[PDB]
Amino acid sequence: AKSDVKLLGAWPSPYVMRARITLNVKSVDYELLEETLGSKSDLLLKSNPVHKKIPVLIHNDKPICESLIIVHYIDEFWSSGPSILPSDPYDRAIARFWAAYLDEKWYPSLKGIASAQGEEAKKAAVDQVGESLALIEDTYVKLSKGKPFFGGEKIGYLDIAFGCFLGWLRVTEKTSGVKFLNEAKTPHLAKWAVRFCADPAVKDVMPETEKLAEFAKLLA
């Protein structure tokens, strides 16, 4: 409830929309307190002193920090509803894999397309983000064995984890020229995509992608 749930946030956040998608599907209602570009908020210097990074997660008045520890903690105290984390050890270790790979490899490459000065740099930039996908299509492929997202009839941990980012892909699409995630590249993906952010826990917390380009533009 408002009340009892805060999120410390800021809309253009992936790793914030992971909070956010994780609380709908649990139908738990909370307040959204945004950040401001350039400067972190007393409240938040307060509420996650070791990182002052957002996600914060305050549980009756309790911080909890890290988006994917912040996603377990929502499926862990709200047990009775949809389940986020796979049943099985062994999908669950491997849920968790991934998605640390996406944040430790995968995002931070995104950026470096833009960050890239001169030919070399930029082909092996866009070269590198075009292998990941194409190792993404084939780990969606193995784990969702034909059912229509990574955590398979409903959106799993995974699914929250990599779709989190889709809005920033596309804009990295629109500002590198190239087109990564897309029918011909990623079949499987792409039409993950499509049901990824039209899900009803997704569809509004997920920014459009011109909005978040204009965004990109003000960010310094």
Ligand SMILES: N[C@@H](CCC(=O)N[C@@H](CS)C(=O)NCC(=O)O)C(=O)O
Second form
Number of protein chains: 2
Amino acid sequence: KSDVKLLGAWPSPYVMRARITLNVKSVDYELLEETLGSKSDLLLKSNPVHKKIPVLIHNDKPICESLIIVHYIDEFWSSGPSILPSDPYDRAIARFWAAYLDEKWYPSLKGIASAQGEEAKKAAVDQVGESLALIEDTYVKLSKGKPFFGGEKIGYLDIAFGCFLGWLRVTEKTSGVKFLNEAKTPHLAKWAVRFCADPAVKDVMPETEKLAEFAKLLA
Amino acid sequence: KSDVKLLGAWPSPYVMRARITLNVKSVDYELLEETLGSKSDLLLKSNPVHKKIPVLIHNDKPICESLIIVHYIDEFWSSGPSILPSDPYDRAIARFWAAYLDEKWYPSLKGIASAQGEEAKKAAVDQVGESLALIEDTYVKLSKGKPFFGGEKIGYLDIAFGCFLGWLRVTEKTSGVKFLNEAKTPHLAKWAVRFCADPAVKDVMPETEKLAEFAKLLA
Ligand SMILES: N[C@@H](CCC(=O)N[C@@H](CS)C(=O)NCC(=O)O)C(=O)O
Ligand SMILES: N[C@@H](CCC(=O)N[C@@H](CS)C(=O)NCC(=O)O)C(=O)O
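Could I have the structure of this protein in the form deposited with ligand GSH bound, to go alongside the form deposited without ligand GSH above?
Up next: the whole complex, starting with the chain shown before.
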């Protein structure tokens, strides 16, 4: 906490990645919230390039990009539970789907709410459904019967994907489409319950209607 | 070569990342070229998600995304010269600037040639100049007097940035603006000569006018 500070905002899924990873490692830290609508001077100093949260400040050194932050926490506090797979190929696959979720899935998740002003543009709803099917079978292959993407304990892809679960449930209630359930994604449904109930996740996973209130609050 | 195949295209900077990393590790491999304009069925099978090159096929297992590929090669062939820094913070900084070059710099490099049809839209030229200044001082801080971003031998960020040098020189000749030279970027200029002349780079670094011919060939 004296040595570790996290620049972020409570409803941010990427900030949650750092929070979860820090909890897994039992690393204490000070949380500095960003008033959304404007950017703090500390965020500007700490991340002049992207001006984005989260920013992990460890011993007065900035570490930017959530996935890079997760890697860093795992590699520095190496004596704690590993966040990344031990095997090089498992590592590459882990990293691929995390990058996939940020480049493709999450923007397409935002795409359901967004559009223009015609009728039925939401092939976005179809694509989110397809992606979740891709993730469902990805889980089956990676988990191999074990409760998480990373086995016994939550891992890199658990954190990378599970950090979106709140915003997913927001999208579900508003769009009317339940993407993640027992019918469509049976394995992910069971995993989602366990992940959201994990001690390193449950308190930093924001309430759904609370997130929804923020979403509707957002201009 | 029997065990390692690289799906790509010769003028691709991201494919070059894999080629360079493989050379550093002295890992032999078969090269399968993509006819640009269409996508091979192997590329479609090997990368159904992004349908992008490069794809490293190691023991009939696909590894996608160049930076993930670089990580994988470094972590699998771990007995060879390290491509990533040993220190966790140096690792995070390495990864940040690599990600920066792909998200911000290279798209803004393509931005100089691209536009609409008015006059003088190229604040793109200014931004490429600014970014190179950011990279120049980044080099000074990371190299610490040593010839490369990674010290003695080329490293992660050497490969991540140096893979763009051919397309940079193409942009320079066409735009008329020399971005990387002794006046603007003195340290990068000296490094560029060494990197391009490194045995793991020199043969897979395409000729400039040859790249330019491809660029003008490209519709
Ligand atoms: N690639 C970045 C994404 C960061 C990001 O976009 N954060 C959003 C919300 S989670 C934000 O509020 N950024 C400040 C901004 O977008 O201007 C990461 O993984 O850290
Ligand atoms: N993020 C990807 C970028 C891959 C990429 O965009 N490759 C380009 C040229 S280097 C390409 O030809 N992709 C096939 C396509 O864009 O459709 C990586 O680092 O591998």
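Positions refer to the first chain, counted from 1. Basically, rigid core = biggest C-alpha set you can superpose within 1.5 Å across the two forms.
After fitting the rigid core, tell me which of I94, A134, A121, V141 has its Cα displaced by at least 2 Å between these two forms.
Comparing the C-alpha positions, the one residue that moves 2 Å or more is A121.
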